[PDB]
Each structure stands twice: as structure tokens, then as C-alpha cells.
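Asker: Residues per chain, in single letters:
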Amino acid sequence: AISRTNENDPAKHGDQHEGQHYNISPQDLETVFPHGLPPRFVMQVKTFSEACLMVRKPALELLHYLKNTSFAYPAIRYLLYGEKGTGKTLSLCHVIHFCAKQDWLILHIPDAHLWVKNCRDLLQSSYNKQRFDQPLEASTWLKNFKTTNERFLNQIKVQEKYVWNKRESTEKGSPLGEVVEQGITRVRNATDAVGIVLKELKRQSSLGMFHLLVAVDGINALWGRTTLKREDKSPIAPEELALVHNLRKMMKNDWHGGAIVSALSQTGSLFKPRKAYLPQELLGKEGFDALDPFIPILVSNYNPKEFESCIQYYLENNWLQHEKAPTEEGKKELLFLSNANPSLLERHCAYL
Amino acid sequence: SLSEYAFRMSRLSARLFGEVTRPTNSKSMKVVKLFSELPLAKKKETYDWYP
Amino acid sequence: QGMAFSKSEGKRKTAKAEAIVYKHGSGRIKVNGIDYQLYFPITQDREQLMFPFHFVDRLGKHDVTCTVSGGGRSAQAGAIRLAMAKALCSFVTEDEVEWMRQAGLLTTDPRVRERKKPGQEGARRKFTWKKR
Amino acid sequence: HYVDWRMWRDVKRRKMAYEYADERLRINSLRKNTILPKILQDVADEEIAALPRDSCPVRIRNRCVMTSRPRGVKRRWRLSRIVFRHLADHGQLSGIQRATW
Amino acid sequence: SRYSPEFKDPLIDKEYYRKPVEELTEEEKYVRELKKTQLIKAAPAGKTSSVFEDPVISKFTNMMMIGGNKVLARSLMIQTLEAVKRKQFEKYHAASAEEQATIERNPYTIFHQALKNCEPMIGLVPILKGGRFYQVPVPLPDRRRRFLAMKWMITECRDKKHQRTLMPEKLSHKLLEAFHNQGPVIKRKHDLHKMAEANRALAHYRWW
Amino acid sequence: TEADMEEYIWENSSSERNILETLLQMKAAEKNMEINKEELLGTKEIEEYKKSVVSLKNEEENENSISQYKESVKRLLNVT
Ligand SMILES: Nc1ncnc2c1ncn2[C@@H]1O[C@H](COP(=O)(O)OP(=O)(O)OP(=O)(O)O)[C@@H](O)[C@H]1O
Ligand SMILES: Nc1nc2c(ncn2[C@@H]2O[C@H](COP(=O)(O)OP(=O)(O)O)[C@@H](O)[C@H]2O)c(=O)[nH]1
Ligand SMILES: [Mg+2]
Ligand SMILES: [Mg+2]
Ligand SMILES: [Mg+2]
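Read top to bottom, the protein sequences are chains AX, AZ, AG, AK, AF and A1. So in PDB author numbering, the last spot in the first sequence is 398, and the numbers never skip. So in PDB author numbering, the last spot in the second sequence is 53, and the numbers never skip. So in PDB author numbering, the last spot in the third sequence is 396, and the numbers never skip. So in PDB author numbering, the last spot in the fourth sequence is 128, and the numbers never skip. So in PDB author numbering, the last spot in the fifth sequence is 242, and the numbers never skip. So in PDB author numbering, the last spot in the sixth sequence is 323, and the numbers never skip.
Bear in mind the hints are in silico, worked out from the structure with no lab data behind them. Hints may be right or wrong, so weigh each one.
List of simulated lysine-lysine pairs, DSS-like, C-alpha gap at most 25 angstroms [to be verified]: (1) 59 (chain AK) with 44 (chain AZ); (2) 113 (chain AX) with 270 (chain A1); (3) 321 (chain AX) with 294 (chain AG); (4) 39 (chain AK) with 32 (chain AZ); (5) 58 (chain AX) with 317 (chain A1); (6) 280 (chain AG) with 221 (chain AF); (7) 279 (chain AX) with 163 (chain AX); (8) 130 (chain AX) with 377 (chain AX); (9) 317 (chain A1) with 274 (chain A1); (10) 313 (chain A1) with 298 (chain AX); (11) 325 (chain AG) with 195 (chain AF); (12) 294 (chain AG) with 81 (chain AF); (13) 45 (chain AZ) with 59 (chain AK); (14) 45 (chain AZ) with 39 (chain AK); (15) 300 (chain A1) with 130 (chain AX); (16) 113 (chain AX) with 298 (chain AX); (17) 48 (chain AF) with 81 (chain AF); (18) 298 (chain AX) with 274 (chain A1); (19) 280 (chain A1) with 317 (chain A1).
Could you build all of it, start to finish, from the sequences and the hints given here?
Answerer: Right, here's the structure in full:
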């Protein structure tokens, strides 16, 4: 248990805990993280039968900022950036766990790249005829948004009347769960239900009803290009997608009562070179202008202490089965081949 | 896909450097290529091919 | 700044590398100004860069700034492996240099692409032969 | 005194094509654009078609200047492969050697 | 070969060079002094001094390679080793304490023992006698036994019976069966042994 | 237009517009009625922020320009 910490409350993590793995309970894993966790990290949780996250400085720095958030001031945009596989997604997840345990309302977009590529059913929106709806993507998110924020969905009550069809319409004063249920049940109305959820939460957080975290991973997708094409194969712009149009509005700092934490990702990005990782390189001019002013937070490769704790956590779980891996010579080869990159180390240790 | 400023600057540069000024499609641009080179029949390699 | 370093060259197929090996370092390799794991995403290529330093038990003890041009991904890793091994010979014992030479770490690989001949399909591949 | 009647026919074609090149270029330019009226472009189509057949440059053939061979000619020397090799193998072409590598 | 016959093969063993001089025999000492005067070939890009280097897995990877695509072949290999390890960890977690002792979780151990279980002890050579070809039982050299085990495993995984099953899934499943002395590849070995025993009376047809 | 400009000018840019709006909301949250454009945009902190943004927009983006931009924004937003 040299690599482990007994403090499992994300609100009590400090610099003494750097490098140590804290356990996320199975209940929190089902509730807080129905989505968002890296695909390969989810494999580890299944294989090890436990979810343990290393307390690192990027999350510690962002947790410190979120503990001192002035809820009166406009929401501050925090952008996690860093090279491929340094741990931007899992740093964001550690922060989502903190706010989730403090009864914040969580708006977790696990990967915004999925909304701008590989869409089978791109339907024209009824609310606005120049925009496109993404029924499958919207319904998928709504189901998970319901799971995370089931406690609050009854308390929050819509402040307008929303016309779904000629026959159906949500009335003022009903719980927001009804809007979420409509989108889930009727998938043709899912995109508009997402827009309404976003519209209501932004308005009602400023009124001081709840604290709202906007956690968007892969945020560079919002102001880039798309691989979605029209009937005539003309390229579609991200602004034309209604689902993206509504998320962009959440990114502006014209509301208060919460924070906006985002993470960049070149993985899954469109029309970006492999080694692009800096904010302006990935966001572009339009993306940088939308977020400016924002607080960049660097995520780097493991430091010597962090690297040793990761090897010890794998050794404690018996994941390293090669007889030379526990030795000092094996550890030096592990460090060189990964260069302490968390993602490269995990992938090489997966078959060793 | 050009701004008015960019379009008008390109038209000024084209006038300065002696290039086509009016908007011309690729088909009609062949007239420029035809009169900028010698016809193949007029080249010394062609008509003086044989001793 | 007074830091001791050695410089050597390495050639593999059409790739040509120039390596500067510093006597003391942390194990940082820069290839054309880029971190080696970013320059060589393929694992096999990074294993070739480890072989010279691992063979003499000096992983994490030197810094390397190398420049490589020409060839493909694997040839460039081979050219750098040779340039690094030759320059690293300045900071090891004579006996260790002989072990490096007997492990094939200091020989220029002469295997280069053979030319295609006329009347054949490839360098060796012949056209289909028809007895009748 | 040309190598054969075929070479002689190509000599006449190269001469006629040279004489008509300017007229053909001028008329062809009228046809190779979308600016001028189609009525005018149709009259130009007839005019270039009424010119003698041997003024058409596509009818010229690059024959070997020594033997009149219509194929296997190297354009830089205007010689057939057989004639070129005969001169090359005797060391009579400056700087041309057998290639080995 | 672009190497002259004088060039010798590189020896890549860290421990061999570090051996104390006193332990060296007189013949071993001569071999080391002679090598100092001999030309050596450049080490190939495959094998290195890494402690994780496994020659058998490297050979198996090359036999899987198609059209020189070693990256893809290596990707399939590491995915297979990971798949085997994950399956054994799941089996280990769901087993009782007594059963857990007998469950192997080292993928390399499973890979080596699965291939050893598929190695045929006897072979068949076609011998033409009196215009008739006879399958004659013959002893197989060690290299051929090991090569046949790998070829049978790869051929079985490439068979069209497996529908839209990715190679790492197919290979990991087959390796685990062979590790337990089951599956079609083990059956192929048994068929060869049974065919050779049936033709035992033809063994005299062999002249070596 | 600004797209035609080959040199980024911070004046009349989105950065100046966005930082001005953010600072005005911050003043309103404190219940301060000092909303003078000139004063807000004349502070030394704004000069550091202007310098950082211009470097990022006109020069090669690196880890040191991003860190300088971070510290300038943290001061203007009262994030410590
Ligand atoms: N805090 C951490 N605790 C445990 N493992 C971690 C941590 N950070 C990173 N890792 C390991 O590194 C891998 C990569 O992490 P993550 O997906 O967060 O990286 P990323 O920087 O977001 O990647 P990308 O650039 O591809 O989006 C994880 O799957 C995990 O194995
Ligand atoms: N079906 C439906 N969707 C609505 C209605 N009002 C809002 N929405 C959705 O919620 C989003 C946010 O609302 P609004 O701010 O009015 O959007 P805007 O008109 O695009 O600026 C819209 O883009 C729609 O997708 C409504 O009455 N019916
Ligand atoms: Mg990520
Ligand atoms: Mg071939
Ligand atoms: Mg012709």
C-alpha cells in the first residue's frame, strides 16, 4: 500500500497525497462516471476490480481553484492541455468527482469529437431549419446525464413552456426530469431536450439554485471542422449542428454560480497533426477567441516519484507478470520506452 | 472565398505584373497560353527535324 | 558551458544521423529537436535507441541531441543507434567498446536496396516462365 | 534523296504545317474560349476544317533522320535505337557509355 | 549477401561479456581473443539486449507478418498477450482460494506451454517406392517440431471457420485451449501421431 | 478586415472586448459603480494581459508564452 492513500474524499486531497492512488467507490463509479472514463482505464477497473486514481498536481491545482471559486463572479474557464496521453481526461475526472461529492450539478461531455464525426442519422432540426439535429448522440448523453444528476432532476423546475409537437408540450413549473425523459423516450426530440436542459441550467445557476460544473472533454472540437456532409456531400460546419451550437453557449462566461473545466485532446480530433497539443494549435483562432480569457493548466508526463508509484500499484495488483518487471533493470527499461508517459506506460505494461 | 480587400489587392497586383485582369474561366485562359508560346509547328525542332 | 560531449555520425540505408552524446545527463534524447518518444511513436524504433545504452548499463546517465535525415522510420532509428553507439564509446572503458563491437553496435549495416534488372520483375523476381 | 517515300511525305507535312501555323493558331484561338459568340465560333470551326489536311500538326511523325524508322526513336538525337546504338557502341557519341551500376 | 564470409554473427548477451575471466576455460579464453580480430555484422533491428526480449514470440510474430507489416503483426501479438492475461485475471478473480493457486496468469508462460503441447513428436515423409507414394513415420528434428507447432496455430487462427472474430480474440482463445491440452491444434498433433502409428510397418522404407 | 491583417492588434479585438465585459461583471458582483472604460483598461494588469495575448497571436506558441498568459489572466480574474 505504498502507492495507495487512505483518503478517498476528493475534497481532502493535498500535496502530501501527490503520487498516491485513491479509490473511487463502486457506487460513485456507477453514478458519477457512467461515461467519461478513458476506454483503457475502464478495462483496468474491470480487470483489477477497483477504480484507483493517482492524485497529481494538475488536479490538485484545479481542485484548489475550485475550492476558492467566487460564485458571484462570472464562471471561470479552466483548460487542461498537454501532450498525448499525459492524463488530461483522468485529471478532469478527478475534479468531476470532487464537485459531484459536493452536490454540484454535473454537465459532463465525455468526448465532443463524437458530435462532429461518424453521424449516421443527421436530421434537419424542426426548431431551426438551418441547423441539424443528432438524435442518437443527444439521447445517449441524456441517459447518462439523468444517471449522474438523478437527485436534482425533480427539484429543478422549468421556467417556460416548451412545445414538443402539436399534441405534446412541457408546461411551466414541471420538473426538468420531464424534459430529459421526453428526449430519452422520443429520440426525435432529444437534440431539443439537450438544448433546453442547457438553457435551463445556465439560467437557474445564476439564480443561486445550485452550483453547475461544465466539464467538456475534447473541447477543441467545438470550433474546428466536421466530417459530416450534406446530401450533396458539401461540408457541414460545427455551428450548423444544433447540439454544438447549444454547447458553445455554455462555454461563454456570461453566467455565474459555477465553473467551466475543459480538456483538450488531439486523439479523435479532425484535421490536426499528431503532435499538436498547445491551446492555440488545437483550438484555432476561433476556439481561442471564444475561451479567452481562460486559465491553462499543463499536464505532463509522470515525474520520478509518480512513475514509481504507478509501477508499485501495478505490482500490488500482480499486473506485471514478467519475472524481470519487478527488478530495477526492468523498471529502467519501462521508463525509457515510455519516457514516463502515463498512456505509453499503461499500454506496455498491459502485455508485460 | 476572398474578402473585398483581398480580391481588390489581387486585381491590383495582377494589373501591375501584366496578368489577366478580367475574371476568366479556365477554358478561355487557353487563349493566353496559345499566344505566350510558339506553336509546335513553328519550333525549330519540328520544321528542321530532318537534315 | 564546459559540458563534455562527443559527436559521431551514423548511416543506415538512405538515412544519415548525427548524434551528440553528453558525458552526463538524465537520459533525454532529442531527435531533430523533438522528444524521442514523440518522434518515434513505433515501439520497435524506441527499442533500437535503448539497445546501445542498455547494453553498457548506462540508461539514464547521458543526454543526446541527434539530427537525422533521409530514409524511413526504421532506417532513421538504425542510423541514430549507430551514431549514438559510436559517440558513446568516448565515455566507456576500452573493454566495453570491444563488447559493443562484438554485439554489432558499431558496424555500418551494408545491406542496401538492390537495383531492379531489365527483363525481370524485381532485383531477383523473374517474369513467369512458360515451358510451352 | 530522302531515305524513302514515307520520310518524304513527312518532310512535306512539316513544311506545310509550318506555313499554316500562324493562321491555324489565330483561328483556333477564336474557338478555344467561351467569350465570343457561338455563331462566330461555328464559322471558325468550319474555317480551320477547310485548311489542307497536311497542315494539321498531329499528322507529323518523328521518324529516324537516318533510316526513317517511325518507332524506337530517341527524340534528343532524332535517331532510331538501332542507329543510335551503332554510333554509341563505336564511341562516336560524345559522353555516352554503357551503363553499369 | 552484402557481408563477406569473414563477417561473424553478433552475440548479444550482456551476461556473457560480464563473465569473470577466472571462470573462463582455456578454450573459452581463446574464443574471446579470436573474436577481437574478427569482423562483426551490424546487429539486426529485431533482437536487442532488453530483459523483456523473447525469441520465440519474436519468431511467432514474424510468421504472422504479412507483406512486411511488422507493426501490425506486433500489434496483434501484444493484443493477444494482453487478451490472455485479462482472461486469466477474470478466471482468477472468480475462482476460490484453492482453485486460484492453479490458475496461471503469466501470458508468456501460457504461450510457451501451449506451443509445447502442440509440438509433434513424430512426422511423416512421403517416400516413392515401386511407383507408389507411402507416408513413412520419421523422427523430426527439434527445429521442425517447433516450427510446425507455430504454423499449425497460425493456420488454425487464419481458417475461415472463425467468422468476424479478430485475430487477438481467436489466438488468445486457441492458446488457452492448447495450454489445457484441448482444441483443434492439439487434435492435429494427435492425428499425425495416430497416422504415424498406423504406418509403423512402413518405417523400414526409410533409409536414414 | 481583421482577417486581412497580418499583424494582430489587441485594440478593438475580441480579447479586449471579452476582458472588458468580464471585468465589468466582476465590478457589478462587488457592487462597485466604477465602470469607466479608460480606468479598467489602463491598469498595469491589463497591460500585462495585452502583452501576453499579442505574443501568443503574433509569435510562435510555446510553453513559456502560455505560462505568461496564464499568470496574466489569473491576476485579472483574482484567481490565486
Ligand atoms: N491520474 C491517473 N491515475 C491513474 N492512471 C492514470 C492517471 N493519469 C493517466 N493515467 C493512465 O494514463 C492513461 C491516459 O490517461 P488519459 O486518458 O487521462 O490521458 P489524456 O491525456 O486525456 O489522453 P489523450 O491525449 O489521448 O486524450 C490512462 O488510461 C491511465 O492508464
Ligand atoms: N422543441 C423545442 N425546442 C426548444 C424550445 N425552446 C428552446 N428549444 C431548444 O433549446 C435551445 C436553446 O433555446 P434558445 O436559447 O431559444 O435557442 P436559440 O433560439 O437557438 O437561440 C434551442 O436551440 C432549441 O434546440 C421549444 O419551445 N421547443
Ligand atoms: Mg483524453
Ligand atoms: Mg517484388
Ligand atoms: Mg503521332
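Asker: Among all the numbered hints in the text so far, which are the ones the structure does not match?
Answerer: Hints 4, 6, 11 contradicted; others consistent.
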